[PDB]
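Accompanying notes for the structure given below.
With one protein chain withheld, the remaining protein chains of the complex are depicted in position.
Naming follows writing order (A, B, C, D and E), and every chain is counted from residue 1.
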Amino acid sequence: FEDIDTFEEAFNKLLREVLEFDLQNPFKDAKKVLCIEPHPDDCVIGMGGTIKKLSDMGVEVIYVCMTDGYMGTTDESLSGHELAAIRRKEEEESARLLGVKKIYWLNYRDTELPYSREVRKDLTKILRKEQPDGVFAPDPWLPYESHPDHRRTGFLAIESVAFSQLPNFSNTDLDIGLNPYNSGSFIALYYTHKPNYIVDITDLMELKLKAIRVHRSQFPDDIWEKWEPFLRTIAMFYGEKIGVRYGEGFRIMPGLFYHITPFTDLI
Amino acid sequence: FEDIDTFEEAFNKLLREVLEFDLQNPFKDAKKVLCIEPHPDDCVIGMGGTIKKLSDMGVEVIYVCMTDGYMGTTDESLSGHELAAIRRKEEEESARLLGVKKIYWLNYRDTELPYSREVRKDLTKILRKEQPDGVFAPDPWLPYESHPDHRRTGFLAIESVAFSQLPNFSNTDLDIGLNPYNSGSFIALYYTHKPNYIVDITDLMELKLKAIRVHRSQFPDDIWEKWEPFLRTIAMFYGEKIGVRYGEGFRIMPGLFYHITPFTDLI
Amino acid sequence: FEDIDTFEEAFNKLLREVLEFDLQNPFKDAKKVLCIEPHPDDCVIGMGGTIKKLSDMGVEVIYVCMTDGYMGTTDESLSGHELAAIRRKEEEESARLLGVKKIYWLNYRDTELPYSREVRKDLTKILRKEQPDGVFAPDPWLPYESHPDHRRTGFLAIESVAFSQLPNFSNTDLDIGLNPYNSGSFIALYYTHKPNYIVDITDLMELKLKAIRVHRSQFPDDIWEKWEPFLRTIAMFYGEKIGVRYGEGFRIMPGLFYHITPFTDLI
Amino acid sequence: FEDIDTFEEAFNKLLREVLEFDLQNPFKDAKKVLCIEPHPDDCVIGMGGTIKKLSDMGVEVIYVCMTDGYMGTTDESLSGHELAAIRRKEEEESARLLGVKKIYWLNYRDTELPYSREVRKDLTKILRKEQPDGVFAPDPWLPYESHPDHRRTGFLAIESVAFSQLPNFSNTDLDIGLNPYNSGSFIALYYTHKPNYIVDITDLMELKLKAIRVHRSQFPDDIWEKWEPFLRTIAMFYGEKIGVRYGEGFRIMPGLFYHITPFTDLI
Amino acid sequence: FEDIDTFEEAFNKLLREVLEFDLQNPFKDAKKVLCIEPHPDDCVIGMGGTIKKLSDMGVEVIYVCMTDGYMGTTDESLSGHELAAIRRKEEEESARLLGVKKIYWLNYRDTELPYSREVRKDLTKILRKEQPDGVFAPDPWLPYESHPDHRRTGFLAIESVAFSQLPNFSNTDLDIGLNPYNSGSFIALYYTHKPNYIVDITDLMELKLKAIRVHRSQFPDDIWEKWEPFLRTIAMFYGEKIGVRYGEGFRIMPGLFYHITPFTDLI
Partner (left out) sequence: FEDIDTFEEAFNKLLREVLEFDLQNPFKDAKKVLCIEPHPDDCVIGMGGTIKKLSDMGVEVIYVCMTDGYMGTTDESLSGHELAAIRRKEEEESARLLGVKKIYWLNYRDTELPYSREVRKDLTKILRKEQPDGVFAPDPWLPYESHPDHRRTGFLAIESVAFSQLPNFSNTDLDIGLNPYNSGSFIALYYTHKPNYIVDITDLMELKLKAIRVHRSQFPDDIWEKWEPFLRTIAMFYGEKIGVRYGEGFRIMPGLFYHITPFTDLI
């Protein structure tokens, strides 16, 4: 590189030649992905359309759900325990619609997901057991995201993808037979303000809304009156970026760009 | 929303009709507001002119002060305990000047406010008892905001406004006779770099400055030589956005926008 | 400031006369600086060319390394204890090339640096012993920075530089004979997306790359094939800003701008 | 006291005259008591007989149950959420048998009860709201007690009885209208190895076993084969101390004896 | 048990018939045991003679070492990382002398073992994978035991033996293919003041001492001048209880006795 003349030239050579980065078809070779959600419903709301397209292409999609959804009701006669048991069933039914056959429930309490080594170890045991080719999680840099379970899921997902590759990290996994997580897998962040890869979900939008409504405890009619237009407006926001009606947006970067990189806004 | 043509129209309808968002007169209907401050003096510094305006208009303003200002001196003759007691009296005088009669002191130690469910439960107990129409708090996304008590108070306030509405959150409150928070019409964030509502305080600026200086332990003459110009320049930065000499800046968004929203920069 | 007419004027006078803010020779008169790094290798990667220039000028540069680099290997036969001991000797060799004669090792475990009062106390005790004229640390607001040890080192460095000046903070230090940290000193943040000060390291770039590669455990040939072009590109991003081939970028602000300031993007 | 000749004389004068202590009929005047249990079933197993006798004497008995019992099954098809909802109903049915009409569920997860200020604040809000005349909890000094929820419930119960009297402790309770907890109430510790007050439960034993078996999720037939003889042997252990067939044991001391006291073994 | 006359008879039947407790030959049937130590060297110090006896009898003994022994030197030339690596090799040699081939190193830092659910999950993962017949651990009730790593390891081991049997505890273990712990027949506590089973090690004492001294960083000659007499006197204290020169003492109780039991002193 010592002979390239300008930063602009170096950036393009680094991104395309050295890091081999392009977003033409980033999920192309995937056989198994994890979709990590803060609460029951986040995978389908954030990326339901893409989940169905992945299942249709013969990719095995597996959820990891960080919390139980215990707090998500204003009904005073429904305890958190009873809601959590109801929402496990809602998510099973929603997942069947999208082709998902396996969900890891971590069972942290809703509004209480910790931000700790302990939670990275839980994600790391699943990464190491399943060895996915790709991991989806919320973008923890989304502006004004006020829910701590969402920010923490996104930070702990990215951290655990990196650290789970390290054999001195949670080393008792390796002592019981698991290998470090394989290198070469992608991360794609949903619920992002800065998507650089859009999936067109226009003909899948009605199925995605149906699979969201199956979470009935969350979406009774009065709430749906505000949420349906909200969810459609979000999908148009992403779809407009590639000139289709409804889209799901993801942010994808080279691994090196998640650290010390001062020009992440160029992609 | 199935029929709408473009994202731009869906966004406009979402805001004006579905969410009925209006920045013309957001504090129009308030009768009781909480002003949440990290330290003794932040309510008057960030929003003292607006507090006066509100109290003058018949609005009951009630302070919640998260910490005791124990660390706020370079005077080696003044212990933290003695400074805290001094600052309680400074805040009482300062508040009297604006029209404020009630202060909840949570008494966390300055520089040590936790980011935790315990602190959410304290805010939640106050929200359920007082049932305010509005809540004001620092914007935890202010760039370069290096005081963890400021960032934490902002996140905790937004979080508690949300979760105090959920009956399974901090449930022992309901068990002792409190009801879920269900009065608020708004959150407004002060100390913000992205205000979208500006209150003109140009004729109240002298009183604001007087009410800040009531905090004498914080503003001896030598410190005031820097702070008076800084505070004036801040008030000019905000006032200039609506073409007035001195202003106070707030950011206000629809409740939905604090979660999963990728177009928050459009307001 | 009561009579100044525009925000733009007020701002220019606040910086240049009230705060005497200087981006022309910010490191002039520095006799002793601390360079706070999350891991062994971060001071040289982020700012090695500047550390050499400071050393060449007769400035005493002292490192504070937050963690031990225990996790930084994918070799299943190298334990973290063994890798930590390797990395300590690699940092000693790297530091000697750049003229650095002292390193404070805090010895927190890599990937496990706490965000706590305790860690501020450790920094504060060094600040009070050494009384440096300036401190360098990572910018904890770097977008997409996904290493918690980086974000937490930046926050805790900026917090400790402020709180170590307060006699009621970590008061047992003063009880054992240390004085509060002196008030004259700068902070400069490296690993930043918003530099406002660039040091030309075009001549020094090969010395920097050499001193980085002395951390051999971190940079075997396959990793260096990606990291050398990456580090050159980052240096060209900064260099271009002052018309030179390779630079190191820092963000420097007056102390007041690290709190409640809505116009930090104007510098 | 300065004229008493021997320690033995002083101890007896202190205990009987100064502290007015005797265990002739310690629950005699009680109108309202709290029975604080670590898990659903502990009140009935530890003190079911006495609870029924208190209800029969017209005392209002109120449970506080610290945890949800989420972990207490070996059935792999029953989630913790579903078990917790089942055990809420078991405890309601068990309590009806004993005359208990009110239970405060704190909702901490089984095996996860924290030992923290936060949990003392929850107990303190209930003490301050209910103003009981007496509080029962597990003796946290029971030798070989291996369950951390049991030790922590006993320590946090004693602590919260003391601290809830202090108006600077959890002061926001007082700001919303609650008074400090009234002085003069007793504490009695059950599950104790050093009882000094025994309640004869001989004719209540069959009712107590019935009210224990209503917790069916805990006591299927195979478990009951070991637990019935266990529970009978425990009751004989306590009953033998006063010469009856089945007893429930409590340890009761003067308040001063819970602190700095080197002769607690004399009672 | 309805018919039994006296507590004494109920106690005897409970122990011998209901609980089938026998201290004649408690390690009779073991094929695989875990020896859980706080630090490198505690298994050989507390129970090295018994470990040899077990390995000689065909029993597979597997160490779990909670911490890395990082603090265990007064040699200012030896960093914590270098000492840990030295102690791993000392333990491997020491273990080879007894018949031990496998060591799980959890790698918590010496003096810093947490008391937490995270540590329980590590022990739990090992218990579910190895399914040992017995577990040995320090007695956390040893009086005057001032090392928190010793108290914590004892409590955590007893707790994890229990909770690892519950499918909702650490559930992601089951999800990755592990089964609940359901093999153990026993816990035995060493380092105990209340042993009720004594192994004669009189002919193994020389080898025990040799295997302890293999930990050379811990036992240079000057320290050995005190430790050899202390270790010999300990072995005499235990051996004397069964009339032998040198012994090792264990406390063993029925599983029920670790909970709510008020007569644990009767064994």
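In this text, a residue touches a chain if its C-beta (ideal position, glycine included) is under 8 Å from a C-beta of that chain, and two chains touch if they have at least 3 such contacts.
Asker: Among D:78, D:97 or D:174, choose the residue that contacts the chain missing from this document, as touch is defined above.
Answerer: For the chain that is not drawn, the touching residue is D:174.
Asker: Based on the whole complex, identify which of C:122, C:145, C:159 or C:248 touches the chain you can't see.
Answerer: C:122
Asker: For review purposes, identify every residue of subunit D that touches the missing chain, sorted by number.
Answerer: 1-2, 4, 6-7, 10-11, 13-14, 18-19, 117, 141, 155, 158-159, 162-163, 165-169, 174, 180, 253, 256-265
Asker: Of the residues in subunit B, which ones touch the absent chain?
Answerer: 68, 70, 79-82, 84-85, 88, 107, 109
Asker: For subunit E, which positions touch the chain that isn't shown here?
Answerer: On the side of subunit E, residues 45-46, 70-76, 78-80, 83, 111-112, 142-148, 150, 191-193, 195, 225-226, 228-230, 232-234, 236-238, 240, 249 touch the unshown chain.
Keep in mind that, in the parts below, only the chains that are shown with their structure count from here on.
Asker: So which of A-D, A-E or B-C is the twin of D-E, meaning more than half of its contact pairs are the same residue numbers?
Answerer: B-C
Asker: Between C-E and A-B, which chain pair is linked by the larger number of C-beta contacts?
Answerer: Between the chain pairs C-E and A-B, A-B carries more contacts.
Asker: Determine the centre-to-centre distance between subunit C and subunit D, using the mean Cα coordinates as centres, and give it in whole Å.
Answerer: 55
Asker: Please list all residues of subunit D that touch 2 or more other chains.
Answerer: Correct list: 70, 79-80, 107.
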